[PDB]
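Chemist: Here's the letter readout for the chains.
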Amino acid sequence: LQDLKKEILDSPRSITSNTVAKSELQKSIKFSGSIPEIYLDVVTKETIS
Amino acid sequence: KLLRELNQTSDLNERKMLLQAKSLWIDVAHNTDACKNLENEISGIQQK
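For the record, the sequence lines run as chains A and B.
Numbering-wise, the first sequence is residues 141 to 154, 160 to 194 according to UniProt numbering.
Just add 288 to the spot in the second sequence (first one is 1) and you have UniProt numbering.
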């Protein structure tokens, strides 16, 4: 059980719906300003238009 | 965290497991050397 636990410890122990898209939009923003997170959230969560 | 404590305890537990396995191996070695001594004694008796 100890050796099995050692391999289990190697395995990670204890939402991100649009985190990657919002992060990539934030990195390439070409804007020196506040850029509030609400704007990024509304832009990256359209899903319709 | 309890599992990390279990790992800390298990280091000593595996050390104890190695010590007990070493004791069993030395018991096996004692049995084997005594068997070799009995084989030497039976070889001497067979030579006689």
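Since the hints were made in silico from the structure, they are not lab data.
There may be inaccurate statements among the hints.
Unchecked claim - Quick list of in silico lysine-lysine cross-link-like pairs, DSS-like style, CA-CA up to 30 angstroms:
| id | chain 1 | residue 1 | chain 2 | residue 2 |
| --- | --- | --- | --- | --- |
| 1 | A | 145 | B | 304 |
| 2 | B | 336 | A | 146 |
| 3 | B | 310 | A | 145 |
Chemist: Hints broken by the structure, by number, lowest first?
Modeler: Going through the list in order, the structure violates hint 2 alone and respects the others.
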